[PDB]
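This report refers to the structure that appears directly beneath it.
This view holds just a subset of the chains, kept in their places.
Letters are used for the chains, namely A, B and C, taken in the order the chains are written, and counting of residues starts over at 1 for each.
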Amino acid sequence: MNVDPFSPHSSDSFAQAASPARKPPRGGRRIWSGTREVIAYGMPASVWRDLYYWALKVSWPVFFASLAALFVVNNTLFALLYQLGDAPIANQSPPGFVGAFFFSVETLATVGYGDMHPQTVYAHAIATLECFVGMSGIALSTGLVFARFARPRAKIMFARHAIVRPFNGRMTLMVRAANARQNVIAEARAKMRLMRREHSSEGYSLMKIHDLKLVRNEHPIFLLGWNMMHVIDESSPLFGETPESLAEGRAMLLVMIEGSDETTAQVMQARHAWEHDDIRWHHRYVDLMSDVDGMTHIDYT
Amino acid sequence: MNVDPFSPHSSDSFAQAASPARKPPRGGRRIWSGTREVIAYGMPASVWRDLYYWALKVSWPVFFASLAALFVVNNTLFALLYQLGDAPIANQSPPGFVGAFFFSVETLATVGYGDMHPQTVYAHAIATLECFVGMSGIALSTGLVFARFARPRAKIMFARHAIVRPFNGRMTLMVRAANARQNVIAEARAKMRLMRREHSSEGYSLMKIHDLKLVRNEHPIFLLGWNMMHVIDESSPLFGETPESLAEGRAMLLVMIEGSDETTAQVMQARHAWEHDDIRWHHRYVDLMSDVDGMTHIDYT
Amino acid sequence: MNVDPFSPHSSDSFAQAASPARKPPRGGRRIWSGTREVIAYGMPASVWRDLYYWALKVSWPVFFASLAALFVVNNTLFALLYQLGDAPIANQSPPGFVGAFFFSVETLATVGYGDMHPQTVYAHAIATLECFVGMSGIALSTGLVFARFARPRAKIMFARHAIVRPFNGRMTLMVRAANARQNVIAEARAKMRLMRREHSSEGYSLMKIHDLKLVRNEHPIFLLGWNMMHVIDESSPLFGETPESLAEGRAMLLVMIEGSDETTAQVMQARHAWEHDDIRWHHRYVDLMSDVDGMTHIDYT
């Protein structure tokens, strides 16, 4: 009966999104593609490695199916080899290449029991090559499988519109962080992208912006549900941030969150940018506003 | 006959906790749960991944049992398939589905020897699917096993009450670090959580506190048994730290310790927070106090 | 129909280098060698580990061939053992050691089906040792395979000559970054190596140079195609950088780029140094210059 840990016995957690589950996934910067990145498209030699990338993302149901497809294709190739013209391997329950398929599945996977017919050395060599390849394939598939597990998932990026509301008599901006996975130790850094008035982009196009203020007062260590926030009044590029000026430039607000996961420690980072028109007025100050009386932590979308 | 390394030939090390071993484990922030974090409960789609989490923590005896249970269940499902209605696979030592169980165990695991009866193609297809699934399962189990080993253990968090005692004519606070595993290179950072007097929590609720002082004079590199300590007299929020004031706010002292393990290098971190009432008066100054005359390092609880 | 992601449906990406693909790879700091580093050559005990290194780099086609070669060699050694002089294992389809080869391949890899002849205990012991070794070998090969995948590729180093051109009425230097793989979050640090005029190298030979300026105004977070740049006019060693002076010293410009890959997070770094004569005059200011009207991102060499 701990204060927070008793929470899971509460009502269903489906409030994040029950209905959208049946709807397709959030594909916006992660749509099905053979590219790793839109800029990465330039490398042409990458075609081999593209498969690696492909096998890494959609792989939950697709990988198993893909592996099965590869199995069938590879096995049939073997069957064709069986028909090559050396003394054939027969005496399998199904006559013809079907029989070849039947014993060869055992070879390209594990190893055949009563299919004791390596009568011809040519057939044997073919089978031997298949054995080597098949065990190699198993290692490859297992390696890929582990690699997929190794890849962590960063749902921490979330998606929410920035809100510019006053706080402490000072104009400020606020961003919603995500607690979707094991988020317990993240820290964040804010980057902004403003274009100068004179930025015809013939010179130092795209002025990089250092806005440490979003995280400066906000250093988030008790990350169980922190919000990031900067102050406008100080000396910062954001002073002149009126909407029209922001619109003129390609004002982009970028926030990155990264830290250990408490789980096997990997530094998981997240990238999320919001457009200048994604900023919202102070009217959003109403916030989530807990509906349950008392200090309670609730997650609703 | 080195100075410290001769120590293991001394008396039993059981002083950390011999009797408590039979008692249940320290479940306080790590109780058996299907949640990853109390906040993480909100994500509902996580149910699949919950199993991953589950298989990662309690897994020492439970994993093997679980795997066996899965084996039995999966195998019996196969047996049911054997009874599907195609020409059945018989001619196994035990008649009936028991025989099916007997040969199928070989298929869903490794591969059957004298159970050379893939007489019917329908039976064969069923067996083939089982073979594919079984080898996949082996890869999955091995992957999970390695992943578990990959997860490091951080006993370094320990548990001890803070002590506010005077030192060098200056009021200070002290925290006991843990040397439970391979702790040789950790470094630490201190975070505090104070509530403002005016913190009705309608504004910037929960004032984050930067208290680098705990580690500031204490940078711990010779980590073989270091204690962390801050100074109150300087300008710090802790100046006004009288107990009544601390009680009013939800004064929380948080200390994190992290560094390489000398072992395959992973950055292992630890999180441990102590309540404001977990702070103890200066009377704790007596310390462990070595009982063995001379400079000796002893670990007793 | 996103702004950048629609790009892959454009023309072929082969512009990075279609013809050079048939030409040998860029071997300059990575030529075929048994050394790990030119300085690493000094360690002689490393000969065993040299193989590890060797198996890690060229391994795409070479590893499979090497493994096959090892298989043949190891298997033949087993065959020799078969001929040791204990009662021989015969009754294999091919008489003689060929038969030994035939059944032994099954033993040193997976396990033999109808080769049920462990008639002599001496033969059996030999086979048993082979079984143990073979399964160990499989584990070793799979481990090496995964390790290779674990190794990331850093094409991000690229190769381009530095350009010293004026910008904003201030003399500056510019370096081309690479987007060849998944480069999305890199950051960079600049190091320089100048020799003092008086540097007879009898004292503090080789004055290390701190040139943070290359990245100082350039902190690259929107890394989709950033260029690094320092300023000469400020107080920096580069003020006196006239070509003759640079030539006198062994002026070396070193830039390192590193950051998370968004992929399983590993910190991938890159090292690339350019000679003092690799610096080019301001005439290179023409830049790539997009040929497609409008703001477009194109990758051409």
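Points worth noting:
Note that contacts are C-beta pairs under 8 Å (C-beta built on N, C-alpha and C of every residue); 3 or more make two chains touch, one makes a residue touch a chain.
The complex is a homo-oligomer: every protein chain shares one sequence, and counting across the whole structure file gives 4 copies, of which 3 are shown.
Operating definition for what follows: only the chains that are shown with their structure count from here on.
Of all chains shown, A has the CA centroid lying nearest to the centroid of every protein CA atom. Each chain gets one centre point, the mean of its Cα atoms, and the points for chain B and chain C are 35 Å apart. The mean-CA centres of chain A and chain C are about 25 angstrom from one another, to the nearest whole unit. Of all residues in chain B, none touches 2 or more other chains. Every residue of chain B that touches chain A in the complex is listed here, in rising order: 28, 31, 33-46, 56, 110-116, 118-119, 121, 124, 128, 131-132, 135-136, 139-140, 142-144, 146-147, 150-152, 191, 193, 201, 203-204, 206, 208, 210, 252, 254, 256, 258, 266-269, 271. Across the interface of their complex, chain B is touched by residues 2, 4-5, 7-8, 12-18, 21, 64, 67-68, 71, 93-94, 98, 102, 105-106, 109-111, 113-114, 138, 141-142, 145-146, 149, 155, 167-168, 179-185, 217-222, 224-225, 229, 260, 262-265, 267, 295, 297, 299 of chain A.
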